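Single chain ahead, by itself, as structure tokens, in the form deposited in one PDB entry.
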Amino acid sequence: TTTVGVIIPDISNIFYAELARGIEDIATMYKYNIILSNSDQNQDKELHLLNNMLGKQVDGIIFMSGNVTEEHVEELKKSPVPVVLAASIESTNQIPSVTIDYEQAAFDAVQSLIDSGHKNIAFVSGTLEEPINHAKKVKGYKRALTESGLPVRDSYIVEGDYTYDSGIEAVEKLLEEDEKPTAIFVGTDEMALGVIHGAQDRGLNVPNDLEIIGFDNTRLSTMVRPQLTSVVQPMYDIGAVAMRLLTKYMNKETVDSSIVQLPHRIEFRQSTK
């Protein structure tokens, strides 16, 4: 029999949960059994779990993290079972990964506000410590403005903590800079909602005044009013392409493509014109 271990950062986070769930639906069909164990986003419970898992005789692991350190990549470069990352970074492309190009994804998002006429666009990102942000999305945010000639006033990039409440704070701040942004690209659907309500509670209208874009195309995108235009991430595909990938290293049937990049898209709703 075969049992794979799945470890996610925040059991609460609606993106890692829908993802983890999808993987358990796929494992059901593979007849594999899953041992799910939360990480609580702290770098201490992760490695500790990477150890816990082997202490449970797993045959392979699906790994998800906001920040995959070099200390992480090394420890992860010597496991008695295979391992692959689901929607996580490792811009060195050393360990198995199935994600989307956050870089361009973040670029298109901002790119569309430009085209809509927006000169000064803001950006609400998560912990600038996680590479998904400081490395890929921000670069996407800045490459959109710099490439179009528009300036990158660092006063337009505020950090939130993936919380709806930190979303409502980010809006109050950005709605204080003399030059009030006309568009805001948020890196998360949850925060985005906080951005929206925060702007509505100030008497602003989405999107006739402030236009907004979220990330993940999460169930919450269509549970807000106005509906949130968001960057779609191939849910089932990230998990399935990852599990069959893990099945190869588990059956040793090695393949010439260890760094899978699935395509993205943007779901335009009402948060933009």
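For clarity, a rigid core is taken as the largest C-alpha set superposing within 1.5 Å between two forms. Positions refer to the first chain, counted from 1. Compared with the form deposited in another entry:
After superposition on the rigid core, the Cα atom of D237 is displaced by 2 Å or more between the two forms.
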The other form holds:
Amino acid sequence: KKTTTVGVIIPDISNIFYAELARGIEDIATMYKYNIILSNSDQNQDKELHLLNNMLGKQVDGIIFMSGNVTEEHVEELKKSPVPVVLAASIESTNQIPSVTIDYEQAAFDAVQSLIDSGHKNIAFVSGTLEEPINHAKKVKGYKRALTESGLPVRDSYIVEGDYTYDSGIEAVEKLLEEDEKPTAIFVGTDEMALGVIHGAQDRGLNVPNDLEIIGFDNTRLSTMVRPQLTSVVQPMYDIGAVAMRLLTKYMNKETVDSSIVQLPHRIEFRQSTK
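Okay, that one was the form deposited in one PDB entry. Can I see the form deposited in another entry too?
A lone chain is what you will see next.
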């Protein structure tokens, strides 16, 4: 009936972002004597839904699911699952499915607010795929809210979407630099794109942070592998995977659960891309 092995569905294990979450999950599974069956979905809803059956059809004591877009259809099938399912670094509005993340909306806001407190009025936002709820529902809103609350304009041409790749980061700054009212600060929704934003601007000759201040998100290892060193919002990738696994072992072993909706603390690591 029970195998002591949990299945984990992930968009792409080769991405440092997901690879970090996987290490946390794996470590805790090990700690609590569980085995993991990892499977890449590549953000393909069809693949994702299919992989769900597979894991269940191989009877696993649990499921940790990660995805950039947990749709109503996903939620429906996840509620049907015979075993405990915990979402990691992913969100669905109803909160019916257990999940571990950070307060994205609040973190985006704090990020932009620090740029405003620094005297910035023209602040842009280079975002990842706008379709994904963490982006349009949270990060974007946190960015906009910081603007409005300080009584600043909320221009849509100041928001350009990338695709998480370092190159899109480059293409984003150039597009933003084509604007008449040049931004003086840029909040990027991901470290890899922020590196592209930093480089794309240094290739255009501007200096970071003198001509343009920048802030990234996740605080991956890339943040320290840039010059200047990237100021970045901290999302504890490992902790998220670790805690999401622990939460899962609580459901699996029927322990006392305080809340199935967990938001780990976030902060900002100020480095050199900001003044």
